[PDB]
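Participant: Model the placement of chains A, C and Y on the given structure of chain H, informed by the hints.
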Amino acid sequence: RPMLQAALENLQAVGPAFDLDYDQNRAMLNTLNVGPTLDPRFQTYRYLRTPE
Amino acid sequence: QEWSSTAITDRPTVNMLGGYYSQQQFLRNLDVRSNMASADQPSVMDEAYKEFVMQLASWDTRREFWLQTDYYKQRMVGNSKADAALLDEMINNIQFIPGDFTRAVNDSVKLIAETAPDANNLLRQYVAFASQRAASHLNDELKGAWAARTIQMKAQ
Amino acid sequence: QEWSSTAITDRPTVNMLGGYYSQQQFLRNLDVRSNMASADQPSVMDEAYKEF
Amino acid sequence: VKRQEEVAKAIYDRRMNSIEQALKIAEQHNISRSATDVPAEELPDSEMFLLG
Numbered sequence: 261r262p263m264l265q266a267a268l269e270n271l272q273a274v275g276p277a278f279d280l281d282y283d284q285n286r287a288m289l290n291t292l293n294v295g296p297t298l299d300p301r302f303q304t305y306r307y308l309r310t311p312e
Numbered sequence: 053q054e055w056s057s058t059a060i061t062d063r064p065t066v067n068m069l070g071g072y073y074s075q076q077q078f079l080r081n082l083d084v085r086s087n088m089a090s091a092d093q094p095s096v097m098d099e100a101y102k103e104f105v106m107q108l109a110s111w112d113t114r115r116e117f118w119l120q121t122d123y124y125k126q127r128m129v130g131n132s133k134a135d136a137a138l139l140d141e142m143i144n145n146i147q148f149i150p151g152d153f154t155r156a157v158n159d160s161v162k163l164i165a166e167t168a169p170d171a172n173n174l175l176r177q178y179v180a181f182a183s184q185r186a187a188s189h190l191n192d193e194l195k196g197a198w199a200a201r202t203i204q205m206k207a208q
Numbered sequence: 053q054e055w056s057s058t059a060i061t062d063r064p065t066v067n068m069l070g071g072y073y074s075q076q077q078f079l080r081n082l083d084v085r086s087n088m089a090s091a092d093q094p095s096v097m098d099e100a101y102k103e104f
Numbered sequence: 209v210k211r212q213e214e215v216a217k218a219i220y221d222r223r224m225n226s227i228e229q230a231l232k233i234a235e236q237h238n239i240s241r242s243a244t245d246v247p248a249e250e251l252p253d254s255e256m257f258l259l260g
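Chains as they are written, first to last, in the authors' numbering: chain H, 261 to 312; chain A, 53 to 208; chain C, 53 to 104; chain Y, 209 to 260.
Okay, chain H solo, but in the shape it has when bound:
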């Protein structure tokens, strides 16, 4: 009887058990919440014959 009551109390105060895969996703989600950094005015070509 008594330690069985103890088991209920201990598991109640700990909560659900999580694996490693859960923790990795949370760390990745933090970076995604920051958001991308946008810098305009970057070239999208290069010259092989400049106009003259």
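Just so you know, not all the hints are guaranteed correct.
As the list claims (entries may be wrong) - Derived pair list, reagent style DSS-like, types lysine-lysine, alpha-carbon separation capped at 27 angstroms: (1) A:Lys195 with Y:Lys210; (2) A:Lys162 with A:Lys102; (3) C:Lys102 with A:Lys102; (4) A:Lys195 with C:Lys102; (5) Y:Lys217 with A:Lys206; (6) A:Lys102 with A:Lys195.
Hints are computed from structural coordinates only; laboratory data are not their basis.
Facilitator: Coordinates of chains A, C and Y only, in the frame set by chain H:
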């Protein structure tokens, strides 16, 4: 008078892509560890150049460029019909020729003007004008995919 | 009189596809887990343009 | 490297909390013997109360 000018272009380099290169790389790697995606995809430099070519040969880009060029605003009679007729003619003065990769031919663009100094001054501005539009379009694509990935991860 | 006008179109992008893009992608993942689908499936924007 | 560092810290903090809670329960129910010979290295986060 009909003076002329010419230019030839190719793909950009990793150095000139700025910080856009790193973020695009980060999102693609998410798509290959999960989602069971990705293949022999073209590089980041390939897709950026493909967007630039589309804007260069667009009928809408040429019409927009002339409307703020300060070389067409001086030749404005004032009559609506005359202005529309003139604008259509100047749009046809820019020609784009796609290149062939087996024959080792690259893409070229040609412009026609009335004076020799104007022939190359206008062509330099047009290429810069078309490049800015392509850069802005790529940023919106990156933002859209970034938000879509956040929603998918937040639910899982 | 017989006047005329012309227009040219192309495939859309992720931005104007709205919320339809995410929901369509969700179903494809379950089709990768079950009833095997081909790896080189056409993109979502490719199919939307084909209907238009 | 930064992401891997914060993942390991989260797991370490969770293990610290579980140990502390099990200590209070053990002293309240006055259990001092070792009920199970399984070493604490491989025990689920629920059952530390099965220790003196």
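Participant: Now tell me if each hint is right for this structure.
Facilitator: So, going through the hints one by one against the coordinates:
1. With a CA separation close to 24 angstroms, the supplied pair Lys195 of chain A and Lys210 of chain Y stays within the 27 angstroms bound.
2. Of the pairs offered as hints, the one joining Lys162 of chain A and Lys102 of chain A holds, with about 19 angstroms between alpha carbons and a cut-off of 27 angstroms not exceeded.
3. Taking the CA atoms of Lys102 of chain C and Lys102 of chain A, the gap is near 21 angstroms; set against the 27 angstroms cutoff, the hint holds.
4. This hinted pair checks out: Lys195 of chain A and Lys102 of chain C have alpha carbons roughly 25 angstroms apart, not beyond 27 angstroms.
5. Between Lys217 of chain Y and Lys206 of chain A the CA atoms are separated by roughly 22 angstroms; this keeps the pair inside 27 angstroms, and the hint holds.
6. Between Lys102 of chain A and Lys195 of chain A the alpha-carbon distance is near 19 angstroms, which keeps this suggested pair within the 27 angstroms criterion.
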